[PDB]
Amino acid sequence: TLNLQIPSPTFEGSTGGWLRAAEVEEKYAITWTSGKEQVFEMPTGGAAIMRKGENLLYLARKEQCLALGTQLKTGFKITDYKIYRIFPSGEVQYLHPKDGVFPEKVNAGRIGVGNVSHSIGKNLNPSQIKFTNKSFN
Amino acid sequence: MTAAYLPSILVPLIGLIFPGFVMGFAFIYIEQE
Amino acid sequence: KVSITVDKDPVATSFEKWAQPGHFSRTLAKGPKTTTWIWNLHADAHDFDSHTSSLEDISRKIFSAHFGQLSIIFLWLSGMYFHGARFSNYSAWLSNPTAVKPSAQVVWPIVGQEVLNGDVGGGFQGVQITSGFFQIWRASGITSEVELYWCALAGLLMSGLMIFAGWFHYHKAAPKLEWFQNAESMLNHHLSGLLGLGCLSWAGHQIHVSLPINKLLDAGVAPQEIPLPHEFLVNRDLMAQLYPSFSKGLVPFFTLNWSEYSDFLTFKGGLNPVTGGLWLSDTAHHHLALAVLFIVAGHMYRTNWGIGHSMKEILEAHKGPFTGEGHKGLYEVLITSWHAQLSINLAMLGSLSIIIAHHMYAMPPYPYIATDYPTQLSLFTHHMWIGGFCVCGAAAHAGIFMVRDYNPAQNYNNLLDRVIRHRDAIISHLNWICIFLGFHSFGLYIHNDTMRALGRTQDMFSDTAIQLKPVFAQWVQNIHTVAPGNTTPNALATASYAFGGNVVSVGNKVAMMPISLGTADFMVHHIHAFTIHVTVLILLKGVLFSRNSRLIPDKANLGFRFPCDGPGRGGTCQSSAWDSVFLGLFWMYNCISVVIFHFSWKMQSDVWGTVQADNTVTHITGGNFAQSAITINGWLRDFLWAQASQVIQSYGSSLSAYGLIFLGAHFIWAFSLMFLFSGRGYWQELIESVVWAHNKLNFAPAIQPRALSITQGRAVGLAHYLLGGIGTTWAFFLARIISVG
Amino acid sequence: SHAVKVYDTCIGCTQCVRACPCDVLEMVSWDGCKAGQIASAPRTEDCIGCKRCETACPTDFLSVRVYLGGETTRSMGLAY
Amino acid sequence: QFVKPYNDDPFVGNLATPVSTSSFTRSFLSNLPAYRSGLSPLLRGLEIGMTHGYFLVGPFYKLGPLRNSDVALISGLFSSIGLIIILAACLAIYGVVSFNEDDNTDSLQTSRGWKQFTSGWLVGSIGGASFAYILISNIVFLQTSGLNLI
Amino acid sequence: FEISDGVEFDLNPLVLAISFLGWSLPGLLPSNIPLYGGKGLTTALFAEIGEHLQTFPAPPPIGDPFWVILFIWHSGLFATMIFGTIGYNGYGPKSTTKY
Amino acid sequence: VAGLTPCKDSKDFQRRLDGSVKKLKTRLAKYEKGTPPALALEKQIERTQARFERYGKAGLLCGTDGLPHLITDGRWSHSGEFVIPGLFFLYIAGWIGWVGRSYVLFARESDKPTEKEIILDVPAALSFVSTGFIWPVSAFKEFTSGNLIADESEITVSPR
Ligand code: CLA
Ligand code: CLA
Ligand code: CLA
Ligand SMILES: CC1=CCCC(C)(C)[C@H]1/C=C/C(C)=C/C=C/C(C)=C/C=C/C=C(C)/C=C/C=C(C)/C=C/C1=C(C)CCCC1(C)C
Ligand SMILES: CC1=C(C/C=C(\C)CCC[C@H](C)CCC[C@H](C)CCCC(C)C)C(=O)c2ccccc2C1=O
Ligand code: SF4
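Those sequence lines, one after another, are chains D, I, A, C, L, O and F. Using the entry's author numbering, the first residue of the first sequence is number 4, and each one after it goes up by one. Using the entry's author numbering, the first residue of the second sequence is number 1, and each one after it goes up by one. Using the entry's author numbering, the first residue of the third sequence is number 12, and each one after it goes up by one. Using the entry's author numbering, the first residue of the fourth sequence is number 2, and each one after it goes up by one. Using the entry's author numbering, the first residue of the fifth sequence is number 3, and each one after it goes up by one. Using the entry's author numbering, the first residue of the sixth sequence is number 56, and each one after it goes up by one. Using the entry's author numbering, the first residue of the seventh sequence is number 24, and each one after it goes up by one.
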């Protein structure tokens, strides 16, 4: 779950932040714990100071959230960053560390979506899947 | 009322009224749920 | 402590690495598996920041590269002086500067190219030159080919000294990073020593060599009959004839009785009536005053003795309520990044080149350069192009700094951070102003074209119709015309006769006359504003969005120069600061082309011409600018179609080379569009077919052929576009002006 | 949304998963490759179409393919 | 000091600046008809159209095709009326397309509110253009831009 | 008065008065050049204002000293106004930042 | 004769010669005798006259424009206009291609073919340059021995 009381990384403000589409459609959030007060780069532009402890940050796009997470993981050594998506109804959902472990390493429980049982050369032709419901797979 | 008046009667229509009405109706149609 | 520290024998001079292309780079030292390796070698040859992480190594490489560049420039100068001494008509031009066309290049008679050895004059036939070297030498007081031979020898010796210095300071005594990071000492020495002593030495040369020699030349004495500069130096009586204050000596100087030198140090202003250039007695005073100013300015910074400033203190002290920390961190940024320094210096050098072009035409500084219309046009346009290129390079290296050497930790709530934190406001407002200027500058031309085509000539924006008068420019011109005696009391004439005054004529030909601004001038100036603003928009937008944007939050990781980030997000083509530079170079070409066309037409229609015995001047085009330059049809017909006759009818003449280059530049410009309108997949597939053809004959290169990278295709397209366009204008301008002057 | 697919050629290098600016690809278990892992695309609705996964793929013909389909706010990467 | 986060929200796409959040700026914006409190969407439209149709008559009057004629002012008024009708049509189509028929109680962001706003804007614009026409036709200083005093 | 969301600003008109006097009193320094007449910058500006008020509707013609005097005087006045507000608000009696 | 007139007896060709010589003489009239410009213009006149005379005697045909025209159809009376020149080309070009292909194979069978292609082995390159003088028989020998044309099943091709 997400706690909306976590302080924020004392940013000085920017014109690259979220806009009305965040209040209407979707607003992403990222929470991470920092061992000290470092200076990091906002994905929107500018410098910010992360706090000693938990830090919550709001962004407009999952790519922005994940770019910030990658910066924390590589530049710094913070890997406890969690990403959430918030709708206007208050339907905060959990996305990154989806199963609690990063996707780059296999974990028991996942189900393969979009996997095909041949090489790309075995795809059918559009002439063969024309006027039919067959799939080029 | 002779045919010589038809250009002055029609060119403003075809060139300002027809395009305006077409644009308005097409706007309403394209942005409509 | 500002001190000298070097490493001795850091790099051993050996040809071992000459046979290992790509040695400087880790990815390239492996070898050419494909042809992309060949292009990468050249694209990354001088990117020292990507070869090593050592700022000391980068700084040493840069120092030695500068020495090599200086040696190349000295070789260039020695070549020009030697050609003036051996393959020129300089003595004939000295005898009769207003009748013989300057020439210092001769071609060999091989395939009929000897036609290019036209009848320049003075019993000499060669290639007319438009660089102004003859006038430079005349101002310098050169009156022989022997002196030019000695000039060439000095240039060659300095080129050798510079190449030796580069080798020595890379391989024998390489200074350390502490030596390089002396901004206070370097600025002190440059300002005082380099600039101040350079202009002081030039003032001395003008006072002892140029002034009397040119005085006699203007008096009509023969170059052979004029005495030698050392005769002037050692015969204070001979000099005291021409300038009677040398009988007084240096006592007035040291007693502050400086008025005694008014004979050769004066503030006359205007133009020399005989030569049509600036008074060399004014230039001497100019350079002496500049020497004083620079030597004083070079005593501002702290080096070893407590007295002076620290730029860190100044910058950190300059902050306000709208800027947070202000200029904090900038001193460190500028003493740790060569790219930031290169960007600042390139911007300033290009702006300086543009300023130099404007001034050097309105205030002809050399004897007999103003009536040499080919020289004036060529120099103006040349320096305009150099300025534009330098500005675009400044944008490029600002982007490179932002991607490579920008660190948010060191830049928090300073000016750089605050700019990045409101870049959207800047770019949106600049977008709006660019659109507004485009409309209210080009739609005016379109309105005029439509009104002239409809027969509503009274509805146009013209002097004979609705008027757009540049009242502010005319007001400034009036101020400058009336300044002599009133706001510059001790100046005899106006700084430039372009602001207003009497026509200056040399050899029955206008050297400089007032330039009148009307509706067409208002229009063209606002178009200049539009083009400059759009170029700035492109370059600044790229620089500010180099690191990140709403579209690509992680762009600094992709780098300063990357092709794209894929067909996703709708398409992310040309989203790098490099591509911003690419588009901004297109737009700089647009801007400078319009500027040089404006100069050419305005000067041929309202300044340049021949003055009759009636004192009336008939111009080359004859006033067609006022009533034709208000319509795009006017520009197409009365400027391009009308003035292209000289270059398209140059076959069989000495300008046939200009005609051929006209056509070839058209060819290259069109050839660029193949690279600009196209993509890499098509050419890679065509290469696949061609490689099949080669394989069918049991052979194919071990270096697999590949189509140019996306970035390289864009670069090739831009390079060919610029070469073709600038070459077309080059041939057009030179043919036209050498035919009608 | 864009349609991202994985094929038997996967070798489990995981570079496709690590190259994705979003989180669309994840490693799951498999027996067809030595690494015992195969890429899968559960969150295909977050795909933007950059094809960074395609770039970070070492198999002759890519084991991961992105077929650009219908465009949405997330696919177009519209922060507005 | 003077530039700060917007509404104390560091991550919203805005900055609090003197032009954007000063006392004069806030007072001016909050007192303009588009934002003043208590006005109906109709009254907002009335004031705005009155203000706009006034300035429209001048550009047409003094730079239109029939500006050097004796019918310049009438032509100008007529052309203003045409532009006002076009813009009213734009407002109406924007209202029908953007706002669905849910009732938010005439907040200017509703179908009914925008219909009232566009009706008021049309009425006020035509009225202001007519008022400017009357004033120009009757006062010489406006027909000459002050070149009667010369 | 708030210069921003919550930043207050005094907006003292005595700063304006002091800056005006600081630029104008030096402007009294006379010059015999044609532009000034015999008088100083401020006095010349006053004289031109009166002279061209006598001929009200007609503007001072291009080339009249009025435009140059106006531009120079107002350039200096605005410079002094900026410097005076800087001094009163940053170096003044209630500033917080050490400038 | 084919459809035109011999250039040795054409008033148009003579007029062109006259015009060129008169242009050169007008340019010469403004230069002192014996000066480098006079000598250069005189040499230009001599070269023009020699060129026109040689073109006349060559048997070139000239049209109404007064310029030589080429009959590149195969006629042996005009072989020197396209065919013999083109045979010389084909010889040189086959030489270049044959030696280049030989060097490509030589570098292929080396420790570092790419190094051999960027930094050349100029002794072997000069060897091949020398070999290139009998390229026709050598190339046909390669073809007939089967070392030239590769099989369809040994050349990479894209999928259909
Ligand atoms: C092809 C169709 C077309 C037609 C018939 C016209 C007709 C006209 N144009 Mg032109 N115009 C057109 C296309 C056309 N335009 C295009 C494509 C452009 C863009 C480049 C322009 C740009 C343009 C400009 C910039 C100007 C004109 C003007 C004029 C007027 C001619 C000069 C005059 O003395 O009238 C002027 C005298 C008058 C008394 C004007 C009365 C006009 C009445 C009020 C029209 C009724 C409008 C109607 C109620 C709107 C219905 C909207 C609905 C479709 C949604 C006339 C009304 C001039 C003008 O004065 O326009 C106002 C003018 O300045 N036009
Ligand atoms: C003081 C001048 C200066 C200096 C020291 C540098 C230095 C640098 N620039 Mg450059 N740059 C400059 C001016 C300068 N620039 C200007 C004026 C521009 C604007 C056009 C640029 C735009 C620019 C860009 C956009 C980039 C650089 C880059 C670089 C770096 C590597 C360049 C390289 O490897 O070139 C090696 C040399 C070449 C590749 C040769 C290029 C010459 C081309 C092909 C045209 C030559 C035409 C020539 C005039 C002849 C035409 C006639 C025809 C008939 C043959 C290096 C730090 C690159 C960088 O840092 O990337 C990370 C980079 O991307 N610069
Ligand atoms: C001064 C005159 C001149 C000039 C400057 C050129 C220049 C050129 N010619 Mg040449 N050409 C000329 C006269 C000239 N030609 C004449 C008079 C003829 C008529 C015989 C030809 C016939 C000719 C042909 C048939 C070809 C060229 C090609 C070329 C281009 C590439 C040559 C090459 O890469 O060689 C280096 C050599 C190689 C790369 C080896 C392979 C190619 C050569 C030409 C094969 C030669 C032997 C082969 C068995 C001939 C079979 C020909 C048959 C299929 C018709 C080059 C721009 C080539 C071209 O445009 O390709 C796109 C080309 O194929 N030319
Ligand atoms: C920003 C700035 C800087 C420098 C100083 C400056 C003052 C220029 C300032 C800018 C000021 C500006 C932009 C001022 C513009 C003012 C404008 C456009 C004012 C418009 C006023 C409109 C008026 C009366 C309209 C009157 C309309 C009337 C009765 C209509 C009446 C009628 C109506 C409404 C409908 C029925 C018919 C009837 C009865 C005739
Ligand atoms: C024509 C073309 C090609 C094909 C062109 C290639 C591969 C260039 C190779 C040319 C040869 C190898 C250069 C040498 C020959 C030249 C005649 C010499 C001039 C070049 C040197 C001065 C560097 C691309 O690969 C390409 C890629 C991306 C965008 C546009 C394009 C594009 O337009
Ligand atoms: S990269 Fe290609 S192969 Fe390696 S894991 Fe991702 S998909 Fe499987």
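Don't read these hints as lab results, they were simulated from the structure. One or more of the hints may lead you astray.
[Said to hold, decoys possible] Output of the computed footprint for chain A on chain D, the stretches with three or more beta carbons under 8 Å from beta carbons of chain A:
1. 10-18
2. 54-66
3. 112-123
Note that CB positions come from ideal geometry on N, CA and C, so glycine has one too.
Task: Hint check against the structure, violated hint numbers in rising order - done: Number 3 only.
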